[PDB]
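There are 2 protein chains.
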Amino acid sequence: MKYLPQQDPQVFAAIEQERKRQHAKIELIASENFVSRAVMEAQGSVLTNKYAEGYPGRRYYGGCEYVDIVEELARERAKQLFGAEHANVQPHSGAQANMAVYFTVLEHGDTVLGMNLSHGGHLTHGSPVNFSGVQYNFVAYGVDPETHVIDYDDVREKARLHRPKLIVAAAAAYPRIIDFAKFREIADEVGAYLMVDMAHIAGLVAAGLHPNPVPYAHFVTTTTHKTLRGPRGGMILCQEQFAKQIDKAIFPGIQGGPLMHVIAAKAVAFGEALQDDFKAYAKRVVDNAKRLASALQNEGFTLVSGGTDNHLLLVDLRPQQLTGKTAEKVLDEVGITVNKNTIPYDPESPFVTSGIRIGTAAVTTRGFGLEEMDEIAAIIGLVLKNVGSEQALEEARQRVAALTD
Amino acid sequence: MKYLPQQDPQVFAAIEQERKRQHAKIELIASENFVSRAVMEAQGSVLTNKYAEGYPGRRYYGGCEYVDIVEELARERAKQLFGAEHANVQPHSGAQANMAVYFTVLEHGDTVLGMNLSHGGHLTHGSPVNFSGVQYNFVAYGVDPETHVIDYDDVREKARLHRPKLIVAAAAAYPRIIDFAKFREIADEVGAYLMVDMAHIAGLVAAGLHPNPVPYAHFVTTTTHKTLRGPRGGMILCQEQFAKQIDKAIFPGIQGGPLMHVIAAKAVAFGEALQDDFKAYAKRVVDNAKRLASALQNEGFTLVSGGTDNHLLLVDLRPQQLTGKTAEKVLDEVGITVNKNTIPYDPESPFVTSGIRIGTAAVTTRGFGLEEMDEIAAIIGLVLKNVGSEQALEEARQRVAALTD
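Note that the protein sequences, when read in sequence, are chains A and A'. A prime marks a further copy of an entry chain.
Under the entry's author numbering, the residue at position 26 of the first sequence is numbered 26, and the numbers go up by one with no gaps.
Under the entry's author numbering, the residue at position 310 of the second sequence is numbered 310, and the numbers go up by one with no gaps.
Accuracy of the hints is not assured; some may be wrong.
Pairs involving identical chains hold if they fit within one copy or between any two copies, as the list cannot separate such chains.
With a straight-line Cα cutoff of 30 Å, these simulated DSSO-like cross-link-like pairs (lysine-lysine) come out [stated by the list, open to error]:
1) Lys-279 with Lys-79
2) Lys-2 with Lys-279
3) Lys-20 with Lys-2
4) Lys-290 with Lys-279
5) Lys-248 with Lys-385
Since the hints were derived computationally from the structure, they do not count as laboratory data.
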């Protein structure tokens, strides 16, 4: 940076603290990643100056010739990446991507079937304090109490009983592969649309390490900033038959002017994802998650679903008689960033929880491999089995420092 | 830029075209501006990597210590700038800022009173193809057919007849000062909340050149990217009594993770607005708008409301027997960027229009003064009075080139 240090000492100092923090800590928040310097440069571009309501070649402002190229690059790369017939790269976020799909196919008060929020579902999948649960009538399907795998017979019964206009598949905290074929089969039985929110697993889908929801879902939503390793924002994929309606839902429906600089960064991120090395990266994410899962089990930890098929895992802390909140706090003390997370059939409230959610996307980006996973698990073991020992926590603190250089 | 040119030739080339376009053209889109290099650097920062759901000191992720400082700097500077008791700097856009306020005080189907969209009102103020008009029952007040000034007796009658739960004041294309005192007086008579959407005039409010809606409105919404000259995004101001409800409406209500890098840029933009030179800048914007208005009248053009009190003006093209669409297209040919815009009581559809909307914020930022305004008006005169003459258009093209260097 050059001009920010001179113009705003306060803001520059705070950003510099954040930059250094991102390097010093072991980042295990499952939804986080590190973007390339190219993605950031695109976001820091003059494209923020341009009003571009509408779509490429069909704008409501003049002078959009070059931002049109940028948006088309984003749309076409996404389509190549996911095999979709249409992309909308304007959603400001995952929330807005989901909001737009709901706005497209649902009327106020329509019934929607989504994943139980305490079993893995996201806030935008029917939380009573979120627009989704306030605007629409959300019912929920659950996971099996033993296996923690989605109970597809429950999905089917809930759909047949409540007759939703829309079924939502996908999760903020589900460690196993989702069967989109079964979701579509159930959707077809009850005459419901199928929406897949692939936000968490999008990078893995692109690399072919998770089944692609595109051929099965009427609508696929995602964030660009999780496993996809792009800028903060949203995206909608769908077939040509919904293309016009989806575009209208985003604008003039729920948004105004798109963030053209962020869309530029989306294009960059998609360009990177199309490369061979991103496929290798994404495999390492999954391999690292499996390794970390195995190594945590070796430490004596119980994992939700008994392991993982993807980038993320959940530790059931009940055997150690710890809350997710306690675990989160103490790991923060040694430089390991996790978040407390509800486990399926959690006896605790979502503000306390019996678990922690861990992901490998961020650490894999910085170059962590299987050996690092073994060590991360060993540190977590040392910390959580010795919460009252300041010497154990200091040892953990030093071992975290050794890993991050 | 360094890494984007190597990583993505296609995206870099398109951005570079846009950068050069922004310099070459005379930018008169009323909602546009040019941000500082400091604002852009903040947006191009590593802060995009951080999930920060919730608010400073009350986050739902660990490691937010430094993004908390950034957000607080943004909130406190905004409060200093506008004299507000509370700020929410998380809205992704003006659309989302408005959406959150509607979500706070209204139920589905509630009556809202807003400015007639063909008289100056924005899409988010009750368009039937926008969430606002679909989710809520919007009624409209108008401007006087002669003066084009808001008819406050009409605002009062519409409020008394339809009994709205909320009154919205402010506009996307209104060239005169809005009387927020009268809006509040009417709001109090019918027991309605008052929302002011100051998006367009926010920079002028901050510099003291337009009356401040804050002391009069329960809620003030704005974009950060118009006269305020900040990054693309939204903001909500309100009194302490609505602070908690407004924060809840943004999250977990209508959004998810905030754009911390954009919030950093918002703080930078507010820092700049607090400086003496921004006040001088904003006065030049208004002075330039008055000068341009006067010079256009000198060319023989009729202006909506007979002039301007702010940054923007509207040309009624009916005397020249031109549509806004025709005027927009031909000015595009010579390098002058305007947008077609409905005039009050327009005989044409919003896709054709009888007017063009012009603003001075962008050209004032690049250093244009009164003499430049005289020349811009003279060029517009040459073009619109000689639409069929390619030699007149070539002369105009050269004169535009002379202005932009």
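Tested hints:
no. : hint                 : verdict
1   : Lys-279 with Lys-79  : within (17 Å within a copy, 47 Å between copies)
2   : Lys-2 with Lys-279   : between (35 Å within a copy, 25 Å between copies)
3   : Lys-20 with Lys-2    : both (18 Å within a copy, 21 Å between copies)
4   : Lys-290 with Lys-279 : within (17 Å within a copy, 58 Å between copies)
5   : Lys-248 with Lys-385 : neither (54 Å within a copy, 37 Å between copies)
The earlier numbered hint that this structure contradicts is number 5, and it is the only one.
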